[PDB]
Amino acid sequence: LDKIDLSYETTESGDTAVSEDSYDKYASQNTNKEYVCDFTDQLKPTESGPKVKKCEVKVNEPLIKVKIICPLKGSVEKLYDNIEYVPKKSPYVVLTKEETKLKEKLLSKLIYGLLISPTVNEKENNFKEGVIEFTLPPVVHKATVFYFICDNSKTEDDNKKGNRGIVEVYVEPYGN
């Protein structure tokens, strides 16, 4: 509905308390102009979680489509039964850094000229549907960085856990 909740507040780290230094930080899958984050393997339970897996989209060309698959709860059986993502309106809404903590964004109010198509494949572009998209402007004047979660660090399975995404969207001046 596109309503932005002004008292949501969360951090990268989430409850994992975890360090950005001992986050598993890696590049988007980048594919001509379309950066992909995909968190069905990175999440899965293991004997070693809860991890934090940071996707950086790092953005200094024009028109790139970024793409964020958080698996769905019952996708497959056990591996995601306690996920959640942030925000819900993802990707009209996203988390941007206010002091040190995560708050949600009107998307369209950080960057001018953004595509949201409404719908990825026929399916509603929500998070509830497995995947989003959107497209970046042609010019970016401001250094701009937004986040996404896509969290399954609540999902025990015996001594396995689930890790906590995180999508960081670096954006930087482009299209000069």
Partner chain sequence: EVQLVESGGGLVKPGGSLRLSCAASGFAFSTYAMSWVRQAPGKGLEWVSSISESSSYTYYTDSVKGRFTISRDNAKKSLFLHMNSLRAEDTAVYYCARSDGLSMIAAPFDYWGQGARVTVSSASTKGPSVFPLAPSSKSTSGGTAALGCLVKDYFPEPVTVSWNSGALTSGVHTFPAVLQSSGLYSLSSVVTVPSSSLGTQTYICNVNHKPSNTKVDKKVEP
Second form
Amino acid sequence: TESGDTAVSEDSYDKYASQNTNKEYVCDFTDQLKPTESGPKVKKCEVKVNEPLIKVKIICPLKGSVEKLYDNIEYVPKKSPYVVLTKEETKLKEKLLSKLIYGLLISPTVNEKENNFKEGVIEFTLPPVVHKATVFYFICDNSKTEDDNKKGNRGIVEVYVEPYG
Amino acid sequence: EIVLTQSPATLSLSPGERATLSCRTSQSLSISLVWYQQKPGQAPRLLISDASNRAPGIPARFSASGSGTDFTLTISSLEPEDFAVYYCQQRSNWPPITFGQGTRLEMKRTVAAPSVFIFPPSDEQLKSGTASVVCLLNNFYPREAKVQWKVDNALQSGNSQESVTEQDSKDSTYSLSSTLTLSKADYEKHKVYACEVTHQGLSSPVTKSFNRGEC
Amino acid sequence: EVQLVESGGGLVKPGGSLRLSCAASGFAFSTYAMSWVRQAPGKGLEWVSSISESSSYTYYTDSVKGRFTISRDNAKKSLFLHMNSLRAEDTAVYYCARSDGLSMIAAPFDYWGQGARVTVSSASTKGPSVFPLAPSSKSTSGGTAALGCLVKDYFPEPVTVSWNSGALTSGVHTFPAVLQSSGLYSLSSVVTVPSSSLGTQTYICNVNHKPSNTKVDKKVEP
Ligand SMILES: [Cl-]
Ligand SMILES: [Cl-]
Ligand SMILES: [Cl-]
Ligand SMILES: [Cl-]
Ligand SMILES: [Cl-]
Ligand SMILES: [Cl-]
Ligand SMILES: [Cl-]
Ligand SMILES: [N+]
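Same protein, different condition: the form deposited without its partner chain was shown, now please give the form solved in complex with its partner chain.
What follows is the whole complex; the chain from before opens it.
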């Protein structure tokens, strides 16, 4: 589910566009998910794609990167970006990104580390042409991390691939 | 809401010296702060965005650093143009985007004692029903000064207002006015109106007084 | 090159409404985020509101939620802040500011407009009363004499004080206005003169308060 175990309504989300520079679209969660007193919040990063050859980069902070602040952080899907979440009617199901987008390139390496969330950053590259509109999701959840009576936040990435080319 | 606490509230330095300005955040942050400058009467302008991301027209003597909860802006040698107010700002745990309260960068000079003057209310003001008594401290450094009003040796409280000038560009001094406002009826109930000034440049606190009715 | 010009500031009664504008030039306005940042008198900076390039994202500080609307027109190269239900805490200079974007790391405010003053007050516009702060030749004299005049009970800011029709400028301190509990403003202007001169030199203070068109000269005698 989108909001998760957290009781946040959809109007009480914080939504944001990705930082789009030089055909690279970035979701950086590394300060936005720390334990706040108003927590848990939903922090939703929205990646809208209607252009060719966009590299999507998602930066999700690691457990023990800062001490005590990410001690119960989880990311879903564990095999991101190869596996993503899709929202079918009243459900979130894992699906294969190669199946949803034809021509998609996931580099095995990001910055000489593995292209998995356990190295903190995932990354993928969208093809020159897309004929089929697809919406898919990633979760970077810090809302079970508690420090000083403050709860962390639930991060959502929603990628919208519009048809292009 | 991230609260940013700028420290010190005022920095007193000479040009050529390294200026170190601190910003403390109420939560830990791993994304850098953004620093701004504001000269009086002017809009704020962007100074620095990262370690070295100065804005167009911003010279290399501004550098920024820090992480976790402790952040500093460094001016490596001050220019006379740099004596201004500086604001830090976080941009990464938001909304709300939040600023620090400001550090004022003041020019240091030698200690100067004020000249103290007291002004009785005019007869033209006394027709209106209000009496203002004004104490003036002219051309002192530093800004820290205590001014106490005493009417027939009773300390006045909650009926005076103070106004301080901007630091003077030629000599780096301040001037201060304290205004005690009374009614006309309370003004003529008493005889001696006194202004007591304590300052670091004065060997002893200076009292300026008058008798109502011109002695 | 880059320019941001606000307009629309002024005086409002509490509960009143106002619309601020920011006209932009010298850059492609439809590719940047725009923001309003306010500065209360004597206080620092407070972020008010932000809008993304094509208005898909708006953001507000909590105290202006429900009351303030940010908007933009990219054809007219214009940014707007519509302020309803104005309280005395909304009294500030309001700045428009440009940024590259409104991601989770928000971009710095790289260019700022010149500011628009918004004063929320129940006071009506009033001329000042000018009273001498008379040189007393004992209590205002330590080899030099201080003298001044008190500019009291005017609204709104500003007033201009000159002394000998502009010819006496050295040693002049005109103080910042202090808002009194009446809701009116008061300042004093002072000047140190030679105490020997008090017998011979004439000293007038030229106060002008443009909102009531009030030009007063007041002679300050011993
Ligand atoms: Cl450098
Ligand atoms: Cl540079
Ligand atoms: Cl000197
Ligand atoms: Cl005396
Ligand atoms: Cl243009
Ligand atoms: Cl441009
Ligand atoms: Cl444009
Ligand atoms: N947008």
